[PDB]
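Fit chain A with the ligand to the supplied structure of chain B, relying on the hints for placement.
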Amino acid sequence: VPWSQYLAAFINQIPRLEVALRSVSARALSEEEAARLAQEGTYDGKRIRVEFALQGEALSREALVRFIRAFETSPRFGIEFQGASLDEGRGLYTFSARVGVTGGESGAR
Amino acid sequence: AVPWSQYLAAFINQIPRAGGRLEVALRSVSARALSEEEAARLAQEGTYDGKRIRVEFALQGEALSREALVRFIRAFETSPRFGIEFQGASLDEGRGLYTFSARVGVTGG
Ligand SMILES: [Mg+2]
Numbered sequence: 095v096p097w098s099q100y101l102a103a104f105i106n107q108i109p110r115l116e117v118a119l120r121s122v123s124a125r126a127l128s129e130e131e132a133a134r135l136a137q138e139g140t141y142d143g144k145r146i147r148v149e150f151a152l153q154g155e156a157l158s159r160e161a162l163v164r165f166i167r168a169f170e171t172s173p174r175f176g177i178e179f180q181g182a183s184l185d186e187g188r189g190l191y192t193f194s195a196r197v198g199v200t201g202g203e204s205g206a207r
Numbered sequence: 094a095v096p097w098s099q100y101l102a103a104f105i106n107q108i109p110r111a112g113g114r115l116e117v118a119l120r121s122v123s124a125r126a127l128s129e130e131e132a133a134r135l136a137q138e139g140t141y142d143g144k145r146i147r148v149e150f151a152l153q154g155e156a157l158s159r160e161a162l163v164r165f166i167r168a169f170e171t172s173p174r175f176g177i178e179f180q181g182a183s184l185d186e187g188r189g190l191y192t193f194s195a196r197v198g199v200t201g202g
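Chains B and A are the protein sequences, given in the same order.
According to the entry's author numbering, the first sequence holds residues 95 to 110, 115 to 207 in order.
According to the entry's author numbering, the second sequence holds residues 94 to 202 in order.
In case anyone wonders, no lab produced these hints; they're calculated from the structure.
Keep in mind that the hints are not guaranteed to be accurate.
Unchecked claim - Simulated restraints, written as ranges between beta carbons of each label pair:
1) A:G201 <-> B:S128: 28 to 36 Å
2) A:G187 <-> B:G205: 22 to 30 Å
3) B:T171 <-> A:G201: 31 to 39 Å
Claimed, not checked - Among chain B residues calculated to face chain A with C-beta under 7 Å, some are:
4) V95
5) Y100
6) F104
7) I105
8) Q107
9) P109
10) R110
11) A126
12) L127
13) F150
14) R164
15) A168
16) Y191
17) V199
18) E203
19) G205
The beta carbon of each residue, even a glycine, is placed where N, CA and C say it ideally should be.
So here's chain B without its partners, still in its complex pose:
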């Protein structure tokens, strides 16, 4: 099941579309990997538990910049902007990014 695409389609349907997602893929980090990343300075040294790898499309440069910034201003998120490309056939930018979320979420167990 192409989960990443279903999750993207579901997120794009939520009414507000300047930034649409193509794929949203989640993984949990080992404590060792989280340790390495915090020390490497990625995600501003926050202790990330979960990473969402994103591929998306932005109708303008400025919409992409707002999207990236939203994940920089929170104590619970970090973002690594991996890249963007102009798509002249569709008049938009494709882009990729990894969003880290700090550990400590609780669930029943």
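This is chain A with the ligand only, laid out in the frame that chain B set:
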């Protein structure tokens, strides 16, 4: 193990909307894939307008107003790829907003 449904809700709530606002906030978003049998039974039962669903998202959320909740529900009815089953909503008089629950079905497309 990892409470994915909370990390995904938080990620979705972080995606910026115009004005910095969030008229619907998600608290839990769980996904699951349907066996062919279950999709066949749901379709015959008329759930999700008889579309044959491939993935189902179970949602717990909060809506700023009755009108925000109605817009959220309708977003998932006006698309050929989605159906929604609205389970319920309640006014939280401590906060002056609505909690709600719903299931969203997604087609193979
Ligand atoms: Mg709720």
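Quick one: which hint numbers does this structure break? Sort them smallest to largest. 12, 16
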